[PDB]
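Based on these hints, arrange chains B, C, D and E on the given structure of chain A.
Spelled out from the first residue to the last, the chains are:
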Amino acid sequence: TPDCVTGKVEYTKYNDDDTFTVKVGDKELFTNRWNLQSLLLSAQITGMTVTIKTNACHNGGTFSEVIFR
Amino acid sequence: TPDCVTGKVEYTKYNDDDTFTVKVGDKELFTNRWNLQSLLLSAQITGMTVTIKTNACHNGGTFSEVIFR
Amino acid sequence: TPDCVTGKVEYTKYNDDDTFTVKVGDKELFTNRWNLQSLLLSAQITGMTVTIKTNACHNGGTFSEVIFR
Amino acid sequence: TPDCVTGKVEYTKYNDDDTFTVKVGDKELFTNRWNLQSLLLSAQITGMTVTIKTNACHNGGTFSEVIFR
Amino acid sequence: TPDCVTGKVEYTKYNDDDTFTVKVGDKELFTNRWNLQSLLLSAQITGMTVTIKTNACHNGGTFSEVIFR
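Protein chains in written order, with UniProt numbering: chain A, 21 to 89; chain B, 21 to 89; chain C, 21 to 89; chain D, 21 to 89; chain E, 21 to 89.
The following block holds chain A by itself, in its conformation from the complex:
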């Protein structure tokens, strides 16, 4: 899967349908993997750099691969 965006988590959002949204770089992407929620919040809180890998690299895109640096 190709890299989509890399950077710090600007904000996260829990959604009504139980998905989780993250804002990295200039993209707002969401995921439906439950384990990623607390992991992504930890990344946000501790200010790590993350790379999101996805084919749907656009606002509203979904993803399920993340690299925590």
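For the record, the hints were derived by calculation from the structure and aren't laboratory data. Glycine residues also receive a C-beta, built at the ideal position from the N, C-alpha and C atoms. Please note: incorrect hints may appear among the correct ones.
[What the hints assert, rightly or not] One-sided excerpt, in silico: chain C residues whose CB lies under 10 Å from chain D:
(1) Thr32
(2) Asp38
(3) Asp46
(4) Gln57
(5) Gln64
(6) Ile65
[What the hints assert, rightly or not] Below, computed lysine to any residue pairings styled on SDA-like, alpha-carbon distance capped at 20 Å:
(7) A/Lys33 with A/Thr21
(8) C/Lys33 with D/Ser84
(9) A/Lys47 with B/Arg53
(10) A/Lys73 with E/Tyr31
(11) D/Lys28 with E/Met68
(12) D/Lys43 with E/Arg89
Relative to chain A, chains B, C, D and E alone:
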């Protein structure tokens, strides 16, 4: 869903029916999504600013959408 | 449910039977709600003030309502 | 259950069979309760003092009761 | 099980099939044990030194034993 309140979590409460209550701004709101409990406590401990989005924007109101900034 | 004790978490104990015990004020109380284990440990580690609400307000008493400040 | 060892967590080990091993004092003890893994790691990371209670108070001994302070 | 690599966690990666990848030393290894994900991220965030024990000691290798110091 519209913004209801934005600010720091003053306090949280675990309820007998397992729902979770949060006090942000001047509203006391609750949620029945189990994943939000630890996330909201982290938000509280680390002092993040959160925005709660809900139609039931009033004390005793319920919610399931949150933005962590 | 009435207030029972308020204060910092003196210590916590994971029990053989999988219940969780907390020492706040002069009472030692236990709960069987899982989600409360990690939440209570976080409260302990970060030095939060908690209020436990329960009718069984006595050593060995059970509880399932907690307020985290 | 009697006290076995008290002190800081010197190290923890995740084992191939999903049990968790902890080194406190001069004993190396393991547990099969899944909830205790993250709790014990938090204890280790934050440098808490823990007391492990068990009858198998010897290297290779098992346990399921822990006091966190 | 023999030691494979020891060092801090360079980065971690959540994979689409819900396995978790970690980069320690010069090896990139992955695990399918769900409990290790948050534990490894904590290790990464807090900069602990970990030792991964495995027979598949090579890039792409799996593992399920970890020592956190």
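>> Hint C/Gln64 vs chain D: min CB-CB distance below 10 Å?
In response: holds (7 Å)
> Given the proposed pairing of D/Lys28 with E/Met68, does the C-alpha separation stay at or below 20 Å?
Replying inline: holds (16 Å)
> Given the proposed pairing of C/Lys33 with D/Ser84, does the C-alpha separation stay at or below 20 Å?
Replying inline: Cα-Cα ~10 Å, so holds.
> Is it true that the CA of A/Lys33 sits at most 20 Å from the CA of A/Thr21?
Replying inline: Roughly 24 Å separates the two Cα atoms, so the pair is violated.
> Is it true that the CA of A/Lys73 sits at most 20 Å from the CA of E/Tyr31?
Replying inline: holds (15 Å)
> Against chain D, with CB atoms and a cut of 10 Å, does the hint on C/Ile65 hold up?
Replying inline: Holds: closest Cβ of chain D sits about 5 Å from C/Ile65, inside 10 Å.
>> The hint names C/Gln57 as touching chain D; please verify it with the least Cβ-Cβ distance against 10 Å.
In response: The hint holds - C/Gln57 has a Cβ within 10 Å of chain D, the shortest such distance being about 6 Å.
>> The hint names C/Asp38 as touching chain D; please verify it with the least Cβ-Cβ distance against 10 Å.
In response: Nearest chain D Cβ about 7 Å off; hint holds.
> Taking only the CA atoms, is the gap from A/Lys47 to B/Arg53 under or equal to 20 Å?
Replying inline: violated (26 Å)
> Are C/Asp46 and chain D close enough, Cβ to Cβ, to be under 10 Å, as the hint says?
Replying inline: violated (16 Å)
> Has the given pair, D/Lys43 with E/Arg89, been kept, meaning a C-alpha gap of at most 20 Å?
Replying inline: Roughly 10 Å between the alpha carbons, so the hint for D/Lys43 and E/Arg89 holds.
>> Hint validation: C/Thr32 versus chain D, beta carbon distance must be below 10 Å. Holds or violated?
In response: Nearest chain D Cβ about 5 Å off; hint holds.
In the structure shown, a violation is registered for the earlier hints numbered 3, 7 and 9, in ascending order.
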